[PDB]
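Enquirer: Here are the chains, one letter per residue:
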Amino acid sequence: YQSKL
Amino acid sequence: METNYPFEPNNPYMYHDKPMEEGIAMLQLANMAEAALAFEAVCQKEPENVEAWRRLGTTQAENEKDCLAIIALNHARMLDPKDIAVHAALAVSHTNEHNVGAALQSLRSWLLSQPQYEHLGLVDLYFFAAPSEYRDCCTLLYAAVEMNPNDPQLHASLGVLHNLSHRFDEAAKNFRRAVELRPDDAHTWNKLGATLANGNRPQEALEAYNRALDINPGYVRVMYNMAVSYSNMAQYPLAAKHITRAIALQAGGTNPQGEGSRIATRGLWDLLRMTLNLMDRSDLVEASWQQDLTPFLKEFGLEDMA
Ligand SMILES: [Mg+2]
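From first to last, the protein sequence lines are chains D and B.
For what it's worth, the authors' numbering labels the leading residue of the first sequence as 1, then goes sequentially.
All letters in the second sequence, in the order written, are residues 346 to 470, 487 to 667 by the authors' numbering.
Please note that a few of the clues may not be correct.
[Said to hold, decoys possible] Now the in silico label distances, taken between C-beta atoms and shown as ranges:
#1 370(B) to 1(D): 29 to 35 Å
#2 363(B) to 2(D): 36 to 42 Å
#3 363(B) to 1(D): 37 to 43 Å
#4 2(D) to 362(B): 37 to 43 Å
#5 460(B) to 1(D): 37 to 43 Å
#6 646(B) to 1(D): 16 to 22 Å
#7 1(D) to 425(B): 32 to 38 Å
It is worth saying that the hints were derived from the structure and are not from the lab.
The C-beta atom is built at its ideal place from N, Cα and C for all residues, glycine as well.
Kindly generate the complete structure, drawing on both the sequences and the hints.
Expert: This is the structure:
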């Protein structure tokens with residue numbers, strides 16, 4: 001999955 | 346393409362004497378959910394209040410609700426197109442939502458709205490996984506770094522830029538430089554963490570995330586990212602526990618009823634459900650569909666508090 005800034 | 350903010354109907358701050366001060370006290374107490382309701386109340390009562398919209402926007406990002414964050418920051422920007430913290434937050438939330446063009450435009454507005462840097466706009470100025494504005498942003502930011510190398514926020518902006526082009530090893534160097542210059546900034550720690558995770562370094566990301574949580578123990582977005590890291594490491598039970606914690610704290614027992622929270626909470630529940638399927642625990646899946654925290658608090662030993 002993508003991690004959020 | 347919504348431009349009207351969907352206000353939470355369940356908001357006791359609408360009859361508080363001093364909601365803005367309450368919101369800032371709630372931020373200081375590390376309670377994002379409560380702080381956002383308070384800023385929402387301010388935005389309803391004083392719709393031209395730039396700071397209330399900006400704080401609502403940054404608080405919703407921190408509470409893992411980029412969609413609401415963007416709407417709130419878009420209001421702030423309408424009222425004050427020179428608000429540089431607004432541009433910085435929009436660049437971040439746009440990057441997360443894969444709006445690459447809006448993220449580029451926000452990075453430019455961020456730099457050029459600064460008296461320190463505005464002259465760079467007058468300067469007369487592929488092999489990258491980005492559009493062509495991306496080279497311009499590079500030139501502008503590197504020119505700024507040349508005249509002012511120890512501005513941490515220049516490094517953080519390059520970090521955002523390098524995320525947009527899936528250059529995560531570079532971004533990590535940028536964010537490392539930014540936390541070196543400003544080590545008490547929880548947001549920067551989170552950005553370094555997300556960057557490392559996105560660059561397939563979840564073990565390093567978890568280190569960064571623990572730093573951010575030390576600074577802001579209510580940083581729901583960091584807790585979401587922790588679940589992501591564990592998940593990418595195939596540590597499903599640990600991911601399920603972390604996402605449960607994220608969910609519990611995102612609500613904070615404020616008991617939201619609005620459409621806004623309805624959609625913004627769903628992505629956390631989606632991650633829980635995927636983790637449950639990878640744990641071979643399909644018996645918990647329906648509770649995940651109804652967004653019922655109770656069985657997960659029990660299951661993961663979080664009955665006490667998140
Ligand atoms: Mg109520």
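Enquirer: For every hint, state whether the structure bears it out.
Expert: Tested hints:
no. : hint                       : result
1   : 370(B) to 1(D): 29 to 35 Å : holds, 34 Å
2   : 363(B) to 2(D): 36 to 42 Å : holds, 38 Å
3   : 363(B) to 1(D): 37 to 43 Å : holds, 40 Å
4   : 2(D) to 362(B): 37 to 43 Å : holds, 42 Å
5   : 460(B) to 1(D): 37 to 43 Å : holds, 40 Å
6   : 646(B) to 1(D): 16 to 22 Å : holds, 18 Å
7   : 1(D) to 425(B): 32 to 38 Å : holds, 35 Å
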